[PDB]
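What follows is a single chain, given as structure tokens, in the form deposited without the partner chain.
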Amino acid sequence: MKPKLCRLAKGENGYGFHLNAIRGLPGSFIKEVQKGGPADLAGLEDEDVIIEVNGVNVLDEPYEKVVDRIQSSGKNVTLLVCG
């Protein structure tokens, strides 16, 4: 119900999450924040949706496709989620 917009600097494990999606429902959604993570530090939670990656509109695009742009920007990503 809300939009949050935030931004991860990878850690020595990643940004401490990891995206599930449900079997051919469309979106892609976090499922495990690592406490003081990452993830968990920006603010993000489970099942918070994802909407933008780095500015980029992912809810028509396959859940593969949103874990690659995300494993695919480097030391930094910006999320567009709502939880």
Given for the second form:
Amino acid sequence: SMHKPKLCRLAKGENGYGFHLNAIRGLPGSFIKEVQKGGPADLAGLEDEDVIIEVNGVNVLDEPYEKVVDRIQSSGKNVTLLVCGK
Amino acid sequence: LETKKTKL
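Same protein, different condition: the form deposited without the partner chain was shown, now please give the form solved in complex with the partner chain.
Let's see the whole complex now, leading with the same chain.
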């Protein structure tokens, strides 16, 4: 929910960022699933079903899933996310 | 309900 957004900065580990990005075909948006215990997403404060709003300050709400994946995969050693829960 | 998933 945009009424309570969350900022999270992830430091990439040996297994990447330690989460799955999921999307539902036909519905807008991407969301966090399968946060790995003790991994970067966990330590950064991400929770299951968080929806990604911005990647490194870029609004991704209207971008296709494959583009959001590519932004995160291309970020380098860290990435900053604006997300919101529910 | 087709779900896309990517490990990151």
